[PDB]
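Quick one: structure below, then a few questions.
A protein chain is absent from this complex, but the other protein chains hold their places.
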């Protein structure tokens, strides 16, 4: 699980965002779509051109979900459980895709906050993203 | 999460496996070694020959630990906390390996109780083995 | 990959006894039931809404058989697997976009189906050879990703 040091590490770097949910979420997805084009299959209905309004709107929701999880880090399930239905039951997102997006979020962090993404904070952030991924794919288990 | 039906399936199929626990553990292990020989690197102290006393004895323990998890199915993490420390912290077992062991255990159950390993029981057993794999690597998370 | 005489024997001996229609259908159904995200690729197939429905689905049953006939193409030409599976790689990779991790899961399910169908005849040596064949089939089928 996440240690008290992990929870502290995550909240710290999320404060460092922190008014940057919209742009970081959007950047995360854009990176995901160009780096891993196979993930575009889940968004046939979006205009997938860079900077499209739908991606901006969607990235905002993705970031806010992550912030809500940082806020309720003691029970991540409790707070993002509604999303598993959507991702796993409705959308049938392949579990491999959660790592990809995680990867892109970490990159977006590294780009903007390179000194704050210390190996220890990177490890704690990894733990956090994987636990989020676990909650979203929970209807698979 | 394992549903109440998942738990009944698992509990049920382990009831048919109880009398042959020790034998089954050894067969799963043996299957892992020949099918996935790279797993042997974890056992440099063992005589890795089929039917050796160390494999037979280790196989009993592994099957007993699964039986114990089935006995505390409501809370697998509480009942296998000890083993996580051993597997993740002392041993550094690569997470990919747990799927290899789980696969072989499934081969073994299928071999001895084919009518019993229906697609649904298979589904629930898989879920169970995964959760157990998840506890034993929790120290990584 | 090289193939021993012993492996070649274990594969061909067992294959001649495989019920392609039944093992095929079963392995495809189990894939859909144990790993339900794989259901996304099979919307043309209709009702996959429960295990019963999945097991009753004729299109699942018929596709299941073709998938196993395909593994038999590998059996029939063991050194020529890469080329046998080339068009299928473009399809699964270029057209269908199936993560190769799913190739591995299907192969795992098929090994389990072979185990249930053969019981003690599915020896450890036999498993090791069959696991190997599916591993090389999945690798050939992922070729267009690389």
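For clarity, chains are labelled A, B and C in written order, and residue numbers in each chain start from 1.
Here is the rule we go by: a contact is a pair of C-beta atoms (placed from the backbone, for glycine too) under 8 Å apart; a residue touches a chain by one contact, two chains touch by 3 or more.
Novice: In the full complex, which of A:35, A:64 or A:71 touches the chain missing from this view?
Specialist: A:35
Novice: Consider the whole complex, including the chain that is not shown, and state which of A:22, A:23 or A:126 touches that chain.
Specialist: A:126
Novice: List the subunit A residues touching the unshown chain?
Specialist: Residues of subunit A in touch with the missing chain: 27, 30-31, 34-36, 50, 103-104, 106-107, 110-112, 114, 117, 119-120, 122-123, 126.
Novice: Can you list, in ascending order, the subunit B residues touching the missing chain?
Specialist: 38, 41, 88, 92-96, 139-140
Novice: For subunit C, which positions touch the chain that isn't shown here?
Specialist: 1, 135-136, 139, 146
Methods note: only the chains that are shown with their structure count from here on.
Novice: Quick one: subunit B and subunit C, Cα centre-to-centre, how many Å?
Specialist: Subunit B and subunit C have C-alpha centres separated by 24 Å.
Novice: Quick one: report the Å distance separating subunit A from subunit B, using the average Cα coordinate of each chain.
Specialist: Whole-Å distance between the two chain centres: 32.
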